[PDB]
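We begin with a single chain expressed as structure tokens, specifically the form deposited in one PDB entry.
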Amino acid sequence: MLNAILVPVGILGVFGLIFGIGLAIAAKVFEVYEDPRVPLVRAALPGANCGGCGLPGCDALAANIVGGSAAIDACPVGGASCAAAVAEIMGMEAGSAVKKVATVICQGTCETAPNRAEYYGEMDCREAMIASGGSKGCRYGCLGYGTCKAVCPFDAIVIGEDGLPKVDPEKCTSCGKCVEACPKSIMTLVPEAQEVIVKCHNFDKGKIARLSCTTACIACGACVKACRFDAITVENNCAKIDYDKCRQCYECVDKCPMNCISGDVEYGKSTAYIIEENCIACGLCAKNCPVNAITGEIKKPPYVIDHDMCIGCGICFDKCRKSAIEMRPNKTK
């Protein structure tokens, strides 16, 4: 019984023992690829280990980055948090400026902007652009064949029964794959908190645009006089709104004679809704902020003020030293 245990143990032990020394020696001479410092990104990655990203090895995020040969968001499994962590190892990311969605600046739907002729070919926007630019009356409007839907990877665009695309705000993640795929340069990126957008891209004069479409821009310039914060400009016979200076006063919406500016009149009208706790009866708002809308006597707490005037810009919400005024949107509907 002694030999039957001694011989196999000895043979297998010798075989195992020589191979360990052989592999330890083979660690040298052969592969010495340690020269990229590995322990950079091996914990922020959730871990899938699949060959659908490049990166020959899921721990290869140590030589793929320091040369700019790989994209920051090359890992879809890791997502925004993992990409932000990887970038903030070097910096750049972990920033600000909220989130954006995709919008269509056009509102002509197969009945207000009809077709000049009939088009034969493939049902695609670029294929239609081959056939002399399309068969629509307006040379700047939506063709309606849905290239942007075909290029969207997250399934956020659906083509409505009226011909214009609709974007789901919960499935769209702030990319531009549908922006450079539009032949008409119509798809654009807009902040999710914005509700006042000029929806037209027509660069013709008044009479031709009036003949072409029902809700066209005629470059009358009446929307610039109403605005006082210098946020909307008329250039190339078309109006455009700057979103960095727009206070959403809803003043230009009612003045457009052709209904090109989006939004409904439900806004503001809250002149000095002041919380009684943290105001010292300063009375600095009684004098003037460009409209009067406050006039009273000292205004000891609680404030006695009638609310039937003012435009609701929002400057009086941050210029106070204590910020005792509260902004609440309360109107009809």
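Rigid core (definition): largest C-alpha set, two forms, superposition within 1.5 Å. Numbering follows the first chain given and starts at 1. What changes on going to the form deposited in another entry:
- In the core-aligned comparison between these two forms, the C-alpha of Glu34 is the only one from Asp264, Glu277, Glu297, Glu34 that shifts by 2 Å or more.
- In the core-superposed comparison between these two forms, the C-alpha atom of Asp124 has shifted by less than 2 angstroms.
- With a cut-off of 2 Å and the rigid core superposed, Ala83 has a Cα displacement that reaches or exceeds the cut-off between these two forms.
- Once the rigid core is used as the reference frame, the Cα position of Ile72 differs between these two forms by 2 Å or more.
Since the one above is the form deposited in one PDB entry, can you give the form deposited in another entry too?
Here we give the lone chain, stripped of any partners or molecules.
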């Protein structure tokens, strides 16, 4: 009766032993020679498989990296957290990458910028670019046929009723596909904190641009004169705002002849709102303050200051050694 149990145990044990010995003697010969750098980076990447960063797929970064050909923030979909994770795996500091959103720099509707010749063909922006360079009255304006919407994989672009595309700030990962896929080179990336943008991609002179569209940049030069910090420049008869030096004083939007800059009059006006606790009545603010909206006598706490008008500025977080001045948006609406 015993042998009926010893026979299958012995047979299966012999088979398992010889097969395991063969597999182990083959495994050491069949050596892959891999490094522990690809397996620990697969859950850090979002794995969206969206080509706007370089190599196809999202499994290509964990075949690269050991060559230094790409930066830590090469993947914009993951963002600051993924960049910091990759940097701390590689052992270096992670930069403070500001989140960016795709934005159209053309505000032209079918009523504002009418066409001059009806178009026949496929409903696409590149196909319209082929047919004698677009059917729009403005040569550089947005066609509105929806190529940027069909390329974006996160469904963050909705074609509006006026023909221009609107980008939802919550669903945009700044992958950069729509920027490359727009034939008119209109789609750009703007920081989320930036509101004052020059929304006209027109390179023509004054009269032609004014005839083509009702909100066209004519390179008059009033916005440059209004700007104090030197952040907006007129090149190729078009205005462009440098987002690094722009402190959002909301003065270029006021002095534009035809509201070419996307902004509203609600800004600043805080003539040195000073916390009473952390200033020693130093009296370094009433001296000039160029427009002279601070003047007082030494200003022992609490500060006796009349608030009537200001410049906005937004730079007085460095003039105070104790940081007593607070900036708050306090205007109409």
